[PDB]
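Asks: So the chains spell out like this:
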Amino acid sequence: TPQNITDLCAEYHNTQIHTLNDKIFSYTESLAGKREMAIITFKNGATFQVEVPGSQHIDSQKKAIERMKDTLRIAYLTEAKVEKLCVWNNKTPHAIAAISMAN
Amino acid sequence: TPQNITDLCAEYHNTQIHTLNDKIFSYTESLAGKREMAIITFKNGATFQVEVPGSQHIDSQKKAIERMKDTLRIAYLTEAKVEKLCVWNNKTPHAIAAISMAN
Amino acid sequence: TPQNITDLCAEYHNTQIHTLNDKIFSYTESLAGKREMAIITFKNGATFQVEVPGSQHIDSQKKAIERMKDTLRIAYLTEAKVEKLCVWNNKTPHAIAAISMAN
Amino acid sequence: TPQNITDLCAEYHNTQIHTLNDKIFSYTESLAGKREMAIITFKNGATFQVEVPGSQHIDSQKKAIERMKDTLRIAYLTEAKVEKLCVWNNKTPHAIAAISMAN
Amino acid sequence: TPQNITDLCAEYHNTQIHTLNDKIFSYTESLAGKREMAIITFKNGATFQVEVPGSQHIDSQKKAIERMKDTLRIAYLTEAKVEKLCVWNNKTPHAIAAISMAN
Ligand SMILES: O=C(NCCN1CCOCC1)c1cc(O[C@H]2O[C@H](CO)[C@H](O)[C@H](O)[C@H]2O)cc([N+](=O)[O-])c1
Ligand SMILES: O=C(NCCN1CCOCC1)c1cc(O[C@H]2O[C@H](CO)[C@H](O)[C@H](O)[C@H]2O)cc([N+](=O)[O-])c1
Ligand SMILES: O=C(NCCN1CCOCC1)c1cc(O[C@H]2O[C@H](CO)[C@H](O)[C@H](O)[C@H]2O)cc([N+](=O)[O-])c1
Ligand SMILES: O=C(NCCN1CCOCC1)c1cc(O[C@H]2O[C@H](CO)[C@H](O)[C@H](O)[C@H]2O)cc([N+](=O)[O-])c1
Ligand SMILES: O=C(NCCN1CCOCC1)c1cc(O[C@H]2O[C@H](CO)[C@H](O)[C@H](O)[C@H]2O)cc([N+](=O)[O-])c1
Numbered sequence: 001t002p003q004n005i006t007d008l009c010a011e012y013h014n015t016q017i018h019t020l021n022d023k024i025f026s027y028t029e030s031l032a033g034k035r036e037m038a039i040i041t042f043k044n045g046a047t048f049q050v051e052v053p054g055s056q057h058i059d060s061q062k063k064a065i066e067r068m069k070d071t072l073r074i075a076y077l078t079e080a081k082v083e084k085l086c087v088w089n090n091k092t093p094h095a096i097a098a099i100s101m102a103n
Numbered sequence: 001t002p003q004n005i006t007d008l009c010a011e012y013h014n015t016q017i018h019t020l021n022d023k024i025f026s027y028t029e030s031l032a033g034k035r036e037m038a039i040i041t042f043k044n045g046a047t048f049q050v051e052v053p054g055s056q057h058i059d060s061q062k063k064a065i066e067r068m069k070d071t072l073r074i075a076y077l078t079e080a081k082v083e084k085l086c087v088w089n090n091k092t093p094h095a096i097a098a099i100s101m102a103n
Numbered sequence: 001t002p003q004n005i006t007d008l009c010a011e012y013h014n015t016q017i018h019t020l021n022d023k024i025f026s027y028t029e030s031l032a033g034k035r036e037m038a039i040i041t042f043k044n045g046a047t048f049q050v051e052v053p054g055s056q057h058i059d060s061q062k063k064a065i066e067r068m069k070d071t072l073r074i075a076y077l078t079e080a081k082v083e084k085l086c087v088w089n090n091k092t093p094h095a096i097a098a099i100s101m102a103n
Numbered sequence: 001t002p003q004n005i006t007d008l009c010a011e012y013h014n015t016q017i018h019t020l021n022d023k024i025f026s027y028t029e030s031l032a033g034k035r036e037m038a039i040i041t042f043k044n045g046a047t048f049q050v051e052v053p054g055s056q057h058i059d060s061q062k063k064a065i066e067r068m069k070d071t072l073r074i075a076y077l078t079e080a081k082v083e084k085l086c087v088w089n090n091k092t093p094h095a096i097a098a099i100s101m102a103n
Numbered sequence: 001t002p003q004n005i006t007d008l009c010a011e012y013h014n015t016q017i018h019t020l021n022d023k024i025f026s027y028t029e030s031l032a033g034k035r036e037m038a039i040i041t042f043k044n045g046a047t048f049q050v051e052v053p054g055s056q057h058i059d060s061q062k063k064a065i066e067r068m069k070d071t072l073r074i075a076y077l078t079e080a081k082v083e084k085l086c087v088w089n090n091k092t093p094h095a096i097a098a099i100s101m102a103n
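Residue numbers (the entry's author numbering), protein chains in the order written: chain E, 1 to 103; chain D, 1 to 103; chain H, 1 to 103; chain G, 1 to 103; chain F, 1 to 103.
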């Protein structure tokens with residue numbers, strides 16, 4: 001198994017690492033039908049989503065999607081610094097695959 | 001895809017954005033039958049609900065409704081500033097579709 | 001839908017509003033069989049329960065009962081002021097139907 | 001229903017009350033197979049478990065066991081004073097049936 | 001039934017204790033398919049995983065794996081000192097079986 005987010009991210013196509021080293025600037029979540037998602041931004045303007053669950057996800061990812069939204073909310077509220085995001089860059093906004101927090 | 005709450009809200013009929021830029025003033029929740037819901041108010045008197053789950057909601061919204069109540073409770077308790085609410089205005093109190101939090 | 005806890009409470013028989021405007025003084029929870037419940041008290045001694053789930057509860061209430069115990073625990077630990085409780089007064093301790101929190 | 005943890009405890013065989021009036025000194029939790037459990041200790045050395053779910057438990061206790069582990073973890077992390085534990089004393093470590101917190 | 005993490009760890013093949021007595025330095029979590037996992041590190045470089053749920057795990061462990069990831073996230077965010085980890089050291093990074101928090 002990978003030992004860090006960069007190596008994990010590299011195991012997938014259409015991904016990249018974004019380095020933020022900053023707290024989340026805004027947290028948005030929706031219960032509207034077909035847009036059951038979260039969106040975060042950083043003060044540099046960078047915007048990321050947790051995608052709506054769909055046919056692109058395998059069953060094992062469903063619980064992890066819900067956990068990621070839990071993690072973003074509590075990171076936002078505690079002002080935790082986000083080190084890196086692994087995202088899929090074939091989506092707009094880029095779609096989060098993994099998060100690392102440090103400092 | 002939408003990149004913010006205003007753009008998301010616009011995708012739906014019978015919605016509008018309320019701009020609060022304030023912490024929640026009160027948080028109410030109920031387990032009484034057929035009123036399993038949350039109500040929030042702001043100091044300006046504005047009152048909003050998370051609707052009781054019902055036939056107006058598709059399955060994917062049910063988990064998101066539960067998450068929204070989780071979010072309002074911890075936003076309340078942490079005195080997190082609510083930036084905007086996307087609501088359906090064909091309900092009384094206006095029914096929350098989405099929330100954004102920012103500093 | 002109700003604008004506030006008082007109007008919600010009034011929709012049910014055997015209910016009353018208790019106005020506390022105080023933090024919870026003690027929190028008790030049990031996993032013992034047939035007593036899977038929570039009990040809270042206030043400084044003046046007044047005691048309230050979240051009832052064990054049972055045949056008086058409709059299915060939609062089961063999730064809301066679990067949420068209420070979550071809410072009471074974090075309210076307790078954060079010393080959040082409880083404004084009002086809506087309770088069923090045909091049970092001893094009075095059984096919580098809804099809670100409002102406000103500063 | 002009982003008004004307090006001492007009366008609750010008295011409804012069961014093989015139980016006793018421990019009065020700690022202290023924060024939890026250590027929190028341990030395990031995902032190891034057949035030992036999916038929590039263990040807490042106090043400064044004086046007293047040790048308690050949340051038992052692995054088992055055939056001695058009825059279905060209504062399953063959710064309550066998971067909630068108890070949630071409660072112990074957050075009590076530990078917040079240094080919340082534990083007033084009393086109701087335990088089964090026919091297990092080693094004694095098995096938690098109920099907890100009360102009062103500052 | 002064990003009284004502490006060391007004795008629990010010793011009930012399993014291919015385990016060891018790590019004594020850290022330090023807060024978590026970084027927290028990583030992923031929703032990427034087949035890598036639905038968490039990774040933590042300490043300032044001395046020690047790296048640990050919560051494994052992806054899989055054929056090595058029995059049913060009873062599934063909730064406990066989810067709980068473990070919850071615990072590591074909140075330990076990280078609260079800067080809780082980790083005393084010891086019980087791990088399987090037949091995996092790279094070593095795989096967490098249990099955690100103790102103290103002091
Ligand atoms: O949130 C919605 N999501 C879209 C997803 N689904 C596709 C079509 O079948 C059902 C909904 C959605 C909300 C709609 O609105 C209705 O439901 C809302 C809660 O979901 C609110 O209760 C609102 O007051 C009500 O009018 C109406 C429609 N619509 O009339 O198509 C879609
Ligand atoms: O919260 C309730 N709303 C809807 C649930 N209903 C419960 C009974 O089966 C029918 C549906 C509700 C509460 C009712 O009250 C009953 O259940 C309560 C918990 O729900 C309390 O336990 C209360 O002490 C008890 O009398 C009675 C009715 N009723 O007689 O219609 C409705
Ligand atoms: O034999 C039991 N029930 C029937 C006896 N009566 C039940 C009502 O109280 C008074 C005595 C009985 C045994 C119980 O205890 C058993 O299960 C416990 C976990 O639930 C502990 O594991 C305990 O170590 C174990 O002996 C517990 C309960 N319970 O939590 O309801 C009932
Ligand atoms: O955690 C296990 N629980 C099963 C029950 N307990 C097993 C040990 O004796 C006490 C009872 C268990 C773990 C085992 O170990 C395996 O799974 C671990 C995760 O569970 C790790 O993935 C570890 O790297 C791996 O070797 C192997 C077996 N097995 O081959 O049956 C059981
Ligand atoms: O995260 C992946 N995990 C590996 C499991 N795979 C899931 C899809 O079915 C194939 C097996 C995975 C991600 C993939 O990426 C796809 O899904 C992502 C969400 O999971 C994002 O939505 C991304 O935008 C999309 O391209 C594509 C594949 N793929 O083409 O195999 C695998």
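Each hint should be verified, as a subset may be incorrect.
Note that the list lumps identical chains together, so a pair holds whenever it fits in one copy or between two copies.
Unchecked claim - With a straight-line Cα cutoff of 30 angstroms, these simulated BS3-like cross-link-like pairs (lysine-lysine) come out:
no. : residue 1 : residue 2
1   : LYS91     : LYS34
2   : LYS91     : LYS23
3   : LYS91     : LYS43
Please keep in mind that the hints were generated in silico from the structure rather than gathered at the bench.
Asks: Compare the structure with the hints numbered earlier in the document and write down the numbers of the violated ones, lowest to highest.
Replies: Violated hints: none; all satisfied.
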